Amino acid sequence: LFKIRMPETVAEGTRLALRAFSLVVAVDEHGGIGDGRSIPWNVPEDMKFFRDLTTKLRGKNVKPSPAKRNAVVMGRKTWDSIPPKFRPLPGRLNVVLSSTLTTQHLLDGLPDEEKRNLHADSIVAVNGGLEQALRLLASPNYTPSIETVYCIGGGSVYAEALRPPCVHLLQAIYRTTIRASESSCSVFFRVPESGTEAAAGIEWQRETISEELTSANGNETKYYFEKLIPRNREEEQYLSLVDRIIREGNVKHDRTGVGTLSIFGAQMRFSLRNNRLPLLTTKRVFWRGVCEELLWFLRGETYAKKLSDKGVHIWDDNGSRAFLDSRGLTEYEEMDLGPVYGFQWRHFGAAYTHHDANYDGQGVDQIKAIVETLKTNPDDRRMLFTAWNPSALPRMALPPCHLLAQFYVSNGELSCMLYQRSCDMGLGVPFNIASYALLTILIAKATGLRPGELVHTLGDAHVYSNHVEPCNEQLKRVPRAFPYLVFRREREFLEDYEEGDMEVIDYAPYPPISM
Amino acid sequence: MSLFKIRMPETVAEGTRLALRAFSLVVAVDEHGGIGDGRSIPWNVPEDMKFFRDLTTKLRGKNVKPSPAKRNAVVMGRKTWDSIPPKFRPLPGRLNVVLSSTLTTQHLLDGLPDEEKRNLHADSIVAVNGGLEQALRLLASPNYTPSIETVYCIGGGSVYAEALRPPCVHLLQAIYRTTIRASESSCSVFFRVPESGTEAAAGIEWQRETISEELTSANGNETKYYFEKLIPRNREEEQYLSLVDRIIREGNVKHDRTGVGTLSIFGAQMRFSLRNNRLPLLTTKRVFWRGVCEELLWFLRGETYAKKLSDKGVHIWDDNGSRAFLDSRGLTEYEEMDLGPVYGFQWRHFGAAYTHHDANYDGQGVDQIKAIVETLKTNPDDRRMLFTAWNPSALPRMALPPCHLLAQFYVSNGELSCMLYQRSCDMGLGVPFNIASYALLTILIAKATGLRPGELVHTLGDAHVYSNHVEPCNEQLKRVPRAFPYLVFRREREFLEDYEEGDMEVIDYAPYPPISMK
Ligand SMILES: NC(=O)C1=CN([C@@H]2O[C@H](COP(=O)(O)OP(=O)(O)OC[C@H]3O[C@@H](n4cnc5c(N)ncnc54)[C@H](OP(=O)(O)O)[C@@H]3O)[C@@H](O)[C@H]2O)C=CC1
Ligand SMILES: NC(=O)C1=CN([C@@H]2O[C@H](COP(=O)(O)OP(=O)(O)OC[C@H]3O[C@@H](n4cnc5c(N)ncnc54)[C@H](OP(=O)(O)O)[C@@H]3O)[C@@H](O)[C@H]2O)C=CC1
Ligand SMILES: Nc1nc(N)c2c(OCCCOc3cccc(F)c3)cccc2n1
Ligand SMILES: Nc1nc(N)c2c(OCCCOc3cccc(F)c3)cccc2n1
Numbered sequence: 003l004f005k006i007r008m009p010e011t012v013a014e015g016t017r018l019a020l021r022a023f024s025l026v027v028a029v030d031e032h033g034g035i036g037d038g039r040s041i042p043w044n045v046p047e048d049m050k051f052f053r054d055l056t057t058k059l060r061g062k063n064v065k066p067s068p069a070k071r072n073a074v075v076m077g078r079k080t081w082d083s084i085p086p087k088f089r090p091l092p093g094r095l096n097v098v099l100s101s102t103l104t105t106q107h108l109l110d111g112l113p114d115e116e117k118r119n120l121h122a123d124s125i126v127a128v129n130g131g132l133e134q135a136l137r138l139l140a141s142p143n144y145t146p147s148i149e150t151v152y153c154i155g156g157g158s159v160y161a162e163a164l165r166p167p168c169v170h171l172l173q174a175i176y177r178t179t180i181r182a183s184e185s186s187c188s189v190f191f192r193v194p195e196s197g198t199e200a201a202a203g204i205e206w207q208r209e210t211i212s213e214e215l216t217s218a219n220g221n222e223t224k225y226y227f228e229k230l231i232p233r234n235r236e237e238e239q240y241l242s243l244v245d246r247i248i249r250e251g252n253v254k255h256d257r258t259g260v261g262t263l264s265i266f267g268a269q270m271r272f273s274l275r276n277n278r279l280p281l282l283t284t285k286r287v288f289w290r291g292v293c294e295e296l297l298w299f300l301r302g303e304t305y306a307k308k309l310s311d312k313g314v315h316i317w318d319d320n321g322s323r324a325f326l327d328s329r330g331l332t333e334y335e336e337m338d339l340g341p342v343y344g345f346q347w348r349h350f351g352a353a354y355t356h357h358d359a360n361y362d363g364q365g366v367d368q369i370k371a372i373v374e375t376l377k378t379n380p381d382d383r384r385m386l387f388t389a390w391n392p393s394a395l396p397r398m399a400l401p402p403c404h405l406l407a408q409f410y411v412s413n414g415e416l417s418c419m420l421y422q423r424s425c426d427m428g429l430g431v432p433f434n435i436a437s438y439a440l441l442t443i444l445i446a447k448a449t450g451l452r453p454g455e456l457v458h459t460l461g462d463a464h465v466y467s468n469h470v471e472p473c474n475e476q477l478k479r480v481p482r483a484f485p486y487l488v489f490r491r492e493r494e495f496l497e498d499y500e501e502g503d504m505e506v507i508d509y510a511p512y513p514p515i516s517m
Numbered sequence: 001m002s003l004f005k006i007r008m009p010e011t012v013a014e015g016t017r018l019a020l021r022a023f024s025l026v027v028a029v030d031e032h033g034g035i036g037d038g039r040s041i042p043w044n045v046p047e048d049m050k051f052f053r054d055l056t057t058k059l060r061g062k063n064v065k066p067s068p069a070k071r072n073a074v075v076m077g078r079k080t081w082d083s084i085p086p087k088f089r090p091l092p093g094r095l096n097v098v099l100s101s102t103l104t105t106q107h108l109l110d111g112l113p114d115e116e117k118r119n120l121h122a123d124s125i126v127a128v129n130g131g132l133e134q135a136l137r138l139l140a141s142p143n144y145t146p147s148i149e150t151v152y153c154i155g156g157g158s159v160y161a162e163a164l165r166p167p168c169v170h171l172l173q174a175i176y177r178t179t180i181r182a183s184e185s186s187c188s189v190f191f192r193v194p195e196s197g198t199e200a201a202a203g204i205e206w207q208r209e210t211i212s213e214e215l216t217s218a219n220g221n222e223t224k225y226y227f228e229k230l231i232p233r234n235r236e237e238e239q240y241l242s243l244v245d246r247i248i249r250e251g252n253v254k255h256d257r258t259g260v261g262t263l264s265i266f267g268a269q270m271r272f273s274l275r276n277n278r279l280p281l282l283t284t285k286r287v288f289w290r291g292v293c294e295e296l297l298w299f300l301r302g303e304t305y306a307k308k309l310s311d312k313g314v315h316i317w318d319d320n321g322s323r324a325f326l327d328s329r330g331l332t333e334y335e336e337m338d339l340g341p342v343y344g345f346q347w348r349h350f351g352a353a354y355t356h357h358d359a360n361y362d363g364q365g366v367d368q369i370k371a372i373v374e375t376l377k378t379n380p381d382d383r384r385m386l387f388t389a390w391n392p393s394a395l396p397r398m399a400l401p402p403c404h405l406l407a408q409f410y411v412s413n414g415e416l417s418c419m420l421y422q423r424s425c426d427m428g429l430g431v432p433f434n435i436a437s438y439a440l441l442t443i444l445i446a447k448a449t450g451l452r453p454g455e456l457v458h459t460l461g462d463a464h465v466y467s468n469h470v471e472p473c474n475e476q477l478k479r480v481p482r483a484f485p486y487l488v489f490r491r492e493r494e495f496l497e498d499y500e501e502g503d504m505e506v507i508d509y510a511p512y513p514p515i516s517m518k
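Line order of the protein sequences matches chains B and A.
Residue numbering for the first sequence is 3 to 517, as defined by the entry's author numbering.
Residue numbering for the second sequence is 1 to 518, as defined by the entry's author numbering.
It is possible that some hints are incorrect.
[As the list claims (entries may be wrong)] Computed list of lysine to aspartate or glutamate pairs in DMTMM-like fashion (alpha-carbon distance at most 25 Å, straight line):
hint, chain 1, residue 1, chain 2, residue 2
1, A, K62, A, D37
2, A, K117, A, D54
3, B, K312, B, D123
4, A, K224, A, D382
5, A, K377, A, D503
6, B, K370, B, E333
7, B, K62, B, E133
8, A, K87, A, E116
9, B, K377, B, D256
10, B, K370, A, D256
11, B, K478, B, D245
12, A, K229, A, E213
13, A, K254, B, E214
14, A, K79, A, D114
15, B, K254, A, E415
16, B, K254, A, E238
17, A, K224, A, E184
18, A, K285, A, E238
19, A, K285, A, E236
20, B, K87, B, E47
21, A, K50, A, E236
22, A, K254, B, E374
23, B, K5, B, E294
24, B, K224, B, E214
25, B, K58, B, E47
26, A, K254, B, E195
27, B, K377, A, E213
28, A, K370, B, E415
29, B, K370, B, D381
30, B, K307, B, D123
31, A, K307, A, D319
32, B, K377, B, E10
33, A, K254, B, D114
No wet-lab data here; the hints were simulated from the structure.
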């Protein structure tokens, strides 16, 4: 009656079509890969790289299990190409593509029946191409259980992975070049050139290229590595704005002596399309604090102890008994922030006494109203909610930073525009971009629409003074490919969604800023 | 009131005073760029000679002959003055301003033929003991500004040189150059328009508004000559021109209940410089500024009764202040033209309770503008100086929601910048008006806080173009932006709410003629 009841489309909105994936390959100086059924040359170093890459998980502590393991997708012939001894490849879910052999078939070509069972959960075949496997890898069984998918083989499987619709899901390309002149290979491996029609908009760029190496296999084979990634313009916006602030910003100093370089006015754009979640990659974002807090906003919650009992401490300092009293909010119990954010969203202007009191029905529920208009007249131009309430500011532990947001609908996709008066580029902005990408996605699921874009308007954009060096280290990193957001399960009411219902997948941030 | 009102600081006139008046430059060169061999113009071409005359004499909007209360003015070095045949001196229909460190206004006068001539041209001849810069400075005075419509630098190698370099170059609205095929006339002084990207161009990008075909003069030798009107590329206005264009070519088409169709995109942001009395009044389509100025002053005063606008010849609220529209919103209790707690009421009484427009609201609600003003003056780095009119509570009580619902002020180097947030932006008639409103407010708020105007950042939400406006907003696209005009205050006030539309005037606004489609 007070809560927003999710529609019967709820899940159909964000259903993950195809699981993203990386690609591993070896090529000779001529771009050749091999001829039909063999890789004539053999470089132990490359072999090891393959073993480690495709098998290890990022969590430098966990060993592959049927709960968390990487997956390897390959074409039949390539499977045939594996020494019946090394098959299936250990520690990885082996996905063979073939319109003949079946899960039981591949399995029976294996010697010792001991493994013909120990490798029953390790082998699976699909009667289709990479797309269908990427599609079968997107189901609840495999996602998020399978951490990373590696398309390991087949000039035929490669061709598909390098062309739409698959390429749009290609997170990275690892390419070892074995400088061992050989004509064995017939099929050449080509990464689509930038700007051409085969690149379907994707700009492949090298993230890392090694120096010429020589394998210790008594052949002095010359080889080297390459990790190519799809240029992420989006994350660049962020990095550009930052680098500009540092370089040309205005250095202002607090009354507490805090330094900030800043510029006024700026706008960035992000695509929430096809399960894409814009979590920066140049510095890991605390997604859980985002989800737990956003969810907290949606419920009009005002009690910070709730995020606190959940590990999210973003409101501790402004919820201290000291702080609260320094605001004259002496009657507020510690951690009772007042009518901040979510409260104004769901109850604009309602009288606030304590976080205990029931507020159902109270005030103006801007969100319940945005949900209802979106579903009846999506072309309306007044679908925006605000927490910036001049009258209630004094009763708030603090004035809101992200104080306004408007929605827009076109061709069934919901877009959102956020207005942030003040934003810290070091920790706030990345966090907030997350917050509103998550808010827009839910609001869509709740309105029978499909996520579109998130437009971020910054007012006072500033890099704190002692972030300059770190933010410089980060500015060095090349942005990678954004992760994706899936939903394990749904809820009947928006207000009932928990952080354990959505899983972030394929998020591969760089290491902590080595400071 | 008084304490209710916003008192303007002493420096109220210090940050808006106009230093250098804007001007155009008219000159003639030979195929090699020579103006003359510092002795004379070795070539006189009839057709051009007429162009110079009409160009520097005529005023905007024909059927208006010059007068002492409204005339153009020409600036020239003493020699060039000397080179005008004493008889046709001074150029008639224009304020003849002469640069000379040896001649005084009186001396120039003594140079005319007789006392009669000296008494008829008293107020048409003035001497400035300085350069073009001092002439533009003097012209910037209340005596000649806005009195003098257009200043034309008519000549002098010495003057062109000054005219084409900082600081004066930043006030060169346009260059009118005539190229004549002067045979063997190997003069000495060269007139060269700084190229794009070079240091000398000082960041300006001179482009041709117009150029004429090679023309043949019906004089004696048939000397061939041509015309050029160079102007300083205005990226700022192209901002809007690009977005409009992107909307027509790529926007999404939509038709609401009324059946009114529009194309549109979502999310945009432009920037406009308000430094040095600059006013971002769009030039490819005349903006109704009298209305803009009236309504902004209406907004700041905290008004809600549309009538005060229609009594001043402004009807931008007639449709939404009517009897039917009012009722159609359930506002039956409201008198006709009483829009309710709209815009300014929230600006000066956020949250206050409304009854009627003639009610007394002093001390009621939060006076946001009054607060931003006091903070700008004491803690200009505060990251919370923004007023809002998007108040969900009173929304149902207004004649309709605000389109420009949020503004935020920023300070840097004593320059007040202002960002605006607009949910519904009508690119054809709406956007240009709003860019003027928030340009005016920023200027006014800067004045009220001892600050110099900075930039205006405009954030667009739902930016559209009506289908009815598509063809014309396409003709306009053709038009190449011209330099923006300026804003000068002819008087000041004790309080911010006291300013009337007449206390200020836009000068040097040269908008392209109305569009050729009814
Ligand atoms: N040097 C290196 O780094 C690498 C070398 N290689 C070499 O490449 C060669 C393999 O390449 P290639 O001949 O292209 O073979 P693949 O290994 O790609 O296998 C192709 C086979 O996979 C199946 N398949 C592919 N697409 C589909 C589809 N859309 N639907 C159903 N089944 C499909 C078919 O099996 P079926 O016909 O049974 O139905 C098909 O004939 C080998 O010699 C291998 O050693 C491979 C990877 C890396
Ligand atoms: N083809 C064309 O379109 C044009 C051709 N001409 C030709 O150019 C020649 C004139 O050029 P030029 O010799 O450069 O003369 P100018 O016409 O520029 O006159 C120079 C004089 O102007 C005054 N002046 C300039 N700058 C200053 C300053 N900063 N402070 C004080 N006084 C200043 C001085 O007066 P004072 O002497 O009292 O110190 C000075 O000597 C003429 O032969 C004229 O016919 C001129 C205009 C246009
Ligand atoms: N950079 C890279 N990528 C591969 N994808 C690869 C490979 O892939 C072919 C799939 C068959 O895998 C094996 C695994 C172990 C032994 C073997 F002979 C084949 C085989 C050898 C080197 C390789 N090197
Ligand atoms: N394209 C162009 N530009 C000028 N700037 C110009 C001019 O400049 C005016 C300065 C000197 O003015 C006179 C006016 C009348 C007679 C005379 F000899 C000089 C005079 C005549 C033609 C001109 N033509």
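Results for each hint:
Among the hinted pairs, A/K62 with A/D37 is inconsistent with the structure: their alpha-carbon atoms are about 37 Å apart, more than 25 Å. Among the hinted pairs, A/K117 with A/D54 is consistent with the structure: their alpha-carbon atoms are about 23 Å apart, no more than 25 Å. Taking the CA atoms of B/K312 and B/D123, the gap is about 35 Å. The hint is violated against a cut of 25 Å. This hinted pair does not check out: A/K224 and A/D382 have alpha carbons roughly 63 Å apart, beyond 25 Å.
With a CA separation close to 24 Å, the supplied pair A/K377 and A/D503 stays within the 25 Å bound. As the CA atoms of B/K370 and B/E333 are separated by approximately 30 Å, the hinted pair breaks the 25 Å bound. Between the alpha carbons of B/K62 and B/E133 the distance comes to roughly 30 Å, so the proposed pair goes past 25 Å and is violated. Distance restraint check for A/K87 and A/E116: the Cα-Cα separation of roughly 13 Å lies within the 25 Å cut-off, and the hinted pair is therefore satisfied.
Distance restraint check for B/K377 and B/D256: the Cα-Cα separation of roughly 46 Å exceeds the 25 Å cut-off, and the hinted pair is therefore not satisfied. Proposed proximity of B/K370 and A/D256 is supported: the alpha carbons are some 22 Å apart, at most 25 Å. Using a Cα cut-off of 25 Å, the hinted pair B/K478 and B/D245 holds, with the two alpha carbons roughly 10 Å apart. Restraint check: the Cα-Cα separation between A/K229 and A/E213 comes to about 13 Å, which is no more than 25 Å; the hinted pair holds.
For the given pair, A/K254 sits about 58 Å from B/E214 by alpha-carbon distance, which is inconsistent with the 25 Å threshold. Proximity of A/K79 to A/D114 is assessed by CA-CA distance (about 21 Å); at most 25 Å being required, the pair is judged to hold. Proposed proximity of B/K254 and A/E415 is supported: the alpha carbons are some 14 Å apart, at most 25 Å. The suggested pairing of B/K254 with A/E238 is violated, with an alpha-carbon distance near 32 Å, which exceeds 25 Å.
About 14 Å separates the Cα atoms of A/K224 and A/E184, which keeps this hinted pair within 25 Å; it holds. For the suggested pair A/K285 and A/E238, the alpha carbons sit about 13 Å apart, so the restraint of at most 25 Å is met. Between A/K285 and A/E236 the CA atoms are separated by roughly 15 Å; this keeps the pair inside 25 Å, and the hint holds. For the hint linking B/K87 to B/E47, the alpha-carbon distance of about 20 Å falls within 25 Å, and the restraint holds.
In summary, the hint linking A/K50 to A/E236 is not supported, as the alpha carbons are separated by about 35 Å, beyond the 25 Å threshold. Taken as a hint, the A/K254 and B/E374 pair is honoured in the structure, with Cα atoms around 19 Å apart against an allowance of 25 Å. Of the pairs offered as hints, the one joining B/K5 and B/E294 holds, with about 18 Å between alpha carbons and a cut-off of 25 Å not exceeded. Annotation: proposed proximity of B/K224 to B/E214 holds, straight-line Cα distance about 6 Å (limit 25 Å).
This hinted pair checks out: B/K58 and B/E47 have alpha carbons roughly 16 Å apart, not beyond 25 Å. Between A/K254 and B/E195, the direct Cα distance comes to roughly 38 Å. Violation of the 25 Å bound is thereby established for this hinted pair. Restraint check for B/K377 and A/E213: the C-alpha separation of about 60 Å exceeds 25 Å, so the hint is violated. Under the criterion of a C-alpha separation no larger than 25 Å, the hint pairing A/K370 with B/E415 is inconsistent with the structure, at around 41 Å.
Of the supplied pair hints, the one linking B/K370 and B/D381 holds, its CA atoms being roughly 17 Å apart against a limit of 25 Å. Pair hint B/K307 plus B/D123 does not hold up; C-alpha atoms about 44 Å apart against a cutoff of 25 Å. With a C-alpha separation of about 12 Å, the suggested pairing of A/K307 with A/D319 holds against the 25 Å cut-off. Distance restraint check for B/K377 and B/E10: the Cα-Cα separation of roughly 13 Å lies within the 25 Å cut-off, and the hinted pair is therefore satisfied.
For the suggested pair A/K254 and B/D114, the alpha carbons sit about 67 Å apart, so the restraint of at most 25 Å is broken.
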